[PDB]
Amino acid sequence: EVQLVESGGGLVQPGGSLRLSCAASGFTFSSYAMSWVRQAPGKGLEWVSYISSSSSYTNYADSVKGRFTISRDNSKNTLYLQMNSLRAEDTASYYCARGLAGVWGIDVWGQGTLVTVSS
Amino acid sequence: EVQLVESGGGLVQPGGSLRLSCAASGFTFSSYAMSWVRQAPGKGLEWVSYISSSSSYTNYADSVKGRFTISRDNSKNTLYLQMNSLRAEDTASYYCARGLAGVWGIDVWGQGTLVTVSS
Amino acid sequence: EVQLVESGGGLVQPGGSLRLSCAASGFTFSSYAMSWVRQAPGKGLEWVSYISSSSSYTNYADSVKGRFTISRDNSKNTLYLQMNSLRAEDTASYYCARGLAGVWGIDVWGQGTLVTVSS
Amino acid sequence: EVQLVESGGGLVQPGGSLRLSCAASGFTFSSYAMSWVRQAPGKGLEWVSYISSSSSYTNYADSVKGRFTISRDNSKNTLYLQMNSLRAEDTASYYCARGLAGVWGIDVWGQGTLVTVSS
Amino acid sequence: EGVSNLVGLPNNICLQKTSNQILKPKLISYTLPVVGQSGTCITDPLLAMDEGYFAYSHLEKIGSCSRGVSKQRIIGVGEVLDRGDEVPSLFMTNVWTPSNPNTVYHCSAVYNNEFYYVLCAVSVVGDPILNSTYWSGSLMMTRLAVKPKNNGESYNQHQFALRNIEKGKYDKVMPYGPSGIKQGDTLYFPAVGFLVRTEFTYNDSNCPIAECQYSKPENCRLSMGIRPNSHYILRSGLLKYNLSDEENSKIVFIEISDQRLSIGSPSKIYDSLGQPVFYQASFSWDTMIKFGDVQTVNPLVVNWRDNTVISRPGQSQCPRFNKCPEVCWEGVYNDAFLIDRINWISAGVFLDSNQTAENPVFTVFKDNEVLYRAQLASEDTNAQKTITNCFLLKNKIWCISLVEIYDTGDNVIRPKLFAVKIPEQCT
Ligand SMILES: *[C@@H]1O[C@H](CO)[C@@H](O[C@@H]2O[C@H](CO)[C@@H](O[C@@H]3O[C@H](CO[C@H]4O[C@H](CO[C@H]5O[C@H](CO)[C@@H](O)[C@H](O)[C@@H]5O)[C@@H](O)[C@H](O)[C@@H]4O)[C@@H](O)[C@H](O[C@H]4O[C@H](CO)[C@@H](O)[C@H](O)[C@@H]4O)[C@@H]3O)[C@H](O)[C@H]2NC(C)=O)[C@H](O)[C@H]1NC(C)=O
Ligand SMILES: *[C@@H]1O[C@H](CO)[C@@H](O[C@@H]2O[C@H](CO)[C@@H](O[C@@H]3O[C@H](CO[C@H]4O[C@H](CO)[C@@H](O)[C@H](O)[C@@H]4O)[C@@H](O)[C@H](O[C@H]4O[C@H](CO)[C@@H](O)[C@H](O)[C@@H]4O)[C@@H]3O)[C@H](O)[C@H]2NC(C)=O)[C@H](O)[C@H]1NC(C)=O
Ligand SMILES: *[C@@H]1O[C@H](CO)[C@@H](O[C@@H]2O[C@H](CO)[C@@H](O[C@@H]3O[C@H](CO[C@H]4O[C@H](CO[C@H]5O[C@H](CO)[C@@H](O)[C@H](O)[C@@H]5O)[C@@H](O)[C@H](O)[C@@H]4O)[C@@H](O)[C@H](O)[C@@H]3O)[C@H](O)[C@H]2NC(C)=O)[C@H](O)[C@H]1NC(C)=O
Ligand SMILES: *[C@@H]1O[C@H](CO)[C@@H](O[C@@H]2O[C@H](CO)[C@@H](O[C@@H]3O[C@H](CO[C@H]4O[C@H](CO)[C@@H](O)[C@H](O)[C@@H]4O)[C@@H](O)[C@H](O)[C@@H]3O)[C@H](O)[C@H]2NC(C)=O)[C@H](O)[C@H]1NC(C)=O
Ligand SMILES: *[C@@H]1O[C@H](CO)[C@@H](O[C@@H]2O[C@H](CO)[C@@H](O[C@@H]3O[C@H](CO[C@H]4O[C@H](CO)[C@@H](O)[C@H](O)[C@@H]4O)[C@@H](O)[C@H](O)[C@@H]3O)[C@H](O)[C@H]2NC(C)=O)[C@H](O)[C@H]1NC(C)=O
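Chains as they are written, first to last, in the deposited numbering: chain F, 1 to 119; chain E, 1 to 119; chain H, 1 to 119; chain G, 1 to 119; chain B, 176 to 602.
Certain hints may be false.
For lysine to any residue, the following SDA-like pairs were computed, each having C-alpha atoms within a straight-line distance of at most 20 Å [said to hold, decoys possible]:
hint, chain 1, residue 1, chain 2, residue 2
1, H, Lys65, H, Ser17
2, B, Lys246, B, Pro200
3, B, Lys246, F, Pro41
4, H, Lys76, G, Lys43
5, B, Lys571, B, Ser447
6, B, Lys596, B, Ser179
7, B, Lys347, B, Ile429
8, F, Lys65, E, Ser56
9, F, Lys43, G, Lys76
10, F, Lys43, B, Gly243
11, B, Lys342, B, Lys425
12, F, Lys43, B, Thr218
13, E, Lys76, E, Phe29
14, F, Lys76, F, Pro41
15, B, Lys201, F, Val108
16, F, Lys43, B, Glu235
17, B, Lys322, F, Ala61
18, G, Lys65, G, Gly105
19, E, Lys76, H, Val12
20, B, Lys199, B, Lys425
Hints listed in this document are in silico derivations from the structure and should not be mistaken for laboratory results.
Excised from the complex, chain F in its bound form:
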């Protein structure tokens, strides 16, 4: 059973710097793909980052092309996301899965992590 444990936090000032983390267990992390997917209440899927197995390719969206950069820690199974220079339009719940945006996902989304950028 694949277990996805999201972490991080919200309630930050506009333009701050947050670091979201998501660890996993089960499947072999040394060769697989990871991607952060967020969704605001009212909207649907909206991907923000992508990374390959050997950290050779890193894809991002047009709205977050220069906001944050996804990394990989194949030694210790984790998934960091150093969010920098966020705005009020980035208030959504982020998720980690095994697909860039798609409609795919071969594991139940466990808990997620809500990030609030306001006031």
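We have chain F already, so just place chains E, H, G and B with the ligands on it with the hints.
Below, chains E, H, G and B with the ligands alone, put in the same frame as chain F:
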């Protein structure tokens, strides 16, 4: 006029864990540098921890490379320092300023904070 | 019999914005003085804000000179306190009375309101 | 506990077009009544729009008979109000409840939403 | 080890008809909570698979699921790998979305060396199969790699227009079908042709009205078009695109044979065990499945299979199991992928209903009998279009099928993709 209010006490057992804090007012804290500087009676300046404005660079000394890690709280003007695994050679008065070690300083050292590690 | 009903919020993240309220009945509120008084467990009285009868004079303390500003609502008997940019040293129970700090107070403190600022 | 979350907007030019929203939770929304209620500072209740459970009856006031039309989205619990052709006499705080105008209301008015039409 | 297509000699599969359900439907399309749902609608799907790489396309409509609007059309390719233990999956790597959503309609995919061409039709009048009398005919093919790289700008997304068209007698061409095939260094796309009704050469005496007393003789001619008093009769075919010349973008529409000539429907040609197999939907007088292998690749000479047990439902006019000429343009797309050639064993998600579109059931049939069925959902969930593709997982056949079902806690037709493995031991 720039006012530096140092806080945090000493009188701790060898190998304990103290947390020194230093708040400030006046200059804009959202983009500036902060550094902890200590000095023992008989010796001179001794830099321990450095941090940048965007919390992107954190430098430490050879003797305190793994003792404590400096953080940043740009929301509420302060300067925390979670001192961990200290020894008898760390008995000195700590100070907060706007220079790593140098011989520089752009504000009169207000009160400081003495930390005693003995017995 | 003078009844002082304290209100407001608490248990908030440090650096937020709270609004403490205190309504009253009995004595004529159109011309009198009101003041917020807080006390931390272990310490004594500590005055923060003062309001005059005609809202012509508003005094503050040295520690909260720019934190919050008291107002007056002589139309409807109340006492607002828009606490902004609070710190960990503001964790105390706030009270409303008819004296700035003093040792005075001509009415039994009814319930008060505890404001916890931590974590 | 019934929670009413008002939303929408404000600060619009005279004759603009705003869309107020109000979601709810708790009571079964598939069969109940919803009504927008506004009140200006100095005046009392002022009903504008009413709608039934099956969206079979939609009543309006003499002053807003052709301004806006209330809708119903029973699939997703909400309460929309496409305010169109507003004037300076519509500057008030709008509220959603379970009574047309009355003096009724069987739930505490949570936050409301202020609409300003001026300049 | 590797996820490849039907090549070599797979393991022995079930060859007998058993009522014991030995098929294990495995869902690999686990969606996230849609709390706060709206009037969304997902239609116009696409699912192609070749040598371990897939593709997907969908048009999300906010409101009605037929007469709706366009907001976003997510078209992306990816890789097909294992989730970790004997269960394949579709891992997407590249995603592309056009600027204006209400331009792209009727895409067609194909496989290549290290790329994935997506041939879509460009229209400014809406659905081209509904307003073809004013459509221009411009076609755009988008190339998306299955392995992106850093700072390529010419290796991840490259669009090109198909100027030169070799239309002989047809007035317009358009890619119509999920995907096609490749023959070494040549690309083939499923398509439908637009021909004038007054320029049709079909004697009204070859219509199969022998045992069809309740049918007029001109029903064959009236069924070749969307409407009787229309202005175009559809004609199936394929689009040839040899990407080895590259002197100019060429379009070669080769019409289908006259054997069992029906109205234009989404075609699907795919390679199975070396030989290319062709499929054609049934939106005409013929309600049965049009299956068969291709012997002449270019002129689409396909030996049609006369299956009498697998069909698609419809309306009251032309319901299921109605093999007689009738003026009607209705049906549902339900394909099947060939998993065996010695016994001609096929497999696909076909609906089981007389005049409705519910109860999507995965069924396996050789030519005239059902071997073993398995229900992917309850008997009340609706389904419109299904796409079935089969492959191998290192020793054995595996089939992933995209089936649009009606999820309970979604209130929207969701294209759920299941994973069904052809078993090697049955009762
Ligand atoms: C299949 O394709 C064909 C062709 O691709 C489609 O036919 C095309 O239809 C469109 C209409 O969508 C024609 O465009 C023009 O539409 C104009 C409409 O103006 C407004 O219409 C809406 C209604 O609002 C107005 O209502 C009345 C109408 O009189 C007004 O008095 C009132 O003040 C409102 O303004 C508005 O909501 C909308 O926003 C528009 O602003 C027509 O005015 C225009 O007429 C011109 O062209 C005529 C020749 O066609 C000419 O005789 C007129 O004098 C005038 O110059 C035109 O109709 C396309 O022209 C038309 N194409 C062709 C080739 O005819 C067809 O709809 C499509 N079908 C389907 C099912 O998809
Ligand atoms: C489109 O499809 C239609 C229908 O199939 C075709 O028309 C039919 O053609 C066949 C021929 O293959 C006709 O069958 C027979 O036609 C005979 C014609 O007689 C003359 O034939 C040639 C000219 O072609 C002359 O040289 C010769 O001397 C004859 O004078 C008829 O005589 C036959 O009659 C028999 O059947 C009828 C019943 O139909 C009986 O009553 C008679 O007693 C006799 O037994 C026979 O009919 C057929 O009649 C044609 N049908 C129609 C409706 O015309 C078209 O040719 C075809 N067109 C194309 C382009 O493919
Ligand atoms: C898609 O487009 C590509 C082009 O990009 C097509 O690839 C071409 O395929 C044709 C196949 O016919 C290739 O033609 C080849 O030509 C060879 C000539 O080389 C030798 O010629 C002499 C022998 O005499 C030949 O003369 C003619 C020439 O065409 C032949 O037809 C005869 O049979 C004789 O063999 C020698 O003396 C000389 O020294 C040369 O060695 C020929 O030998 C081959 O048999 C073949 O005919 C052509 O070269 C290909 N082009 C490229 C760039 O590779 C592809 O087919 C297209 N796909 C389609 C149409 O589906
Ligand atoms: C429909 O087809 C199915 C095809 O898989 C049938 O399942 C097979 O049924 C047969 C007959 O019952 C089984 O054969 C027996 O299995 C039992 C139990 O195996 C378990 O053994 C241990 C527990 O002791 C357990 O840890 C294992 O994991 C097994 O699950 C054995 O004890 C017998 O010796 C004998 O082998 C097959 O094992 C079973 N297949 C599988 C994959 O389990 C099914 O019965 C058919 N249904 C009908 C109605 O015909
Ligand atoms: C789904 O579609 C199937 C195929 O279209 C349906 O099966 C068909 O059902 C119709 C029902 O009208 C049959 O049509 C008639 O059947 C009766 C038979 O009943 C009488 O039979 C003899 C006369 O032969 C008589 O003596 C008896 O007393 C009965 O009264 C007759 O009127 C005709 O023969 C005529 O055929 C079809 O025959 C039948 N087709 C097949 C292939 O079975 C099915 O009913 C549909 N189901 C639903 C739920 O819609």
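Practice task
Mind listing which of the numbered hints don't hold for this structure, in increasing order?
Solution key: 2, 14, 18 and 20
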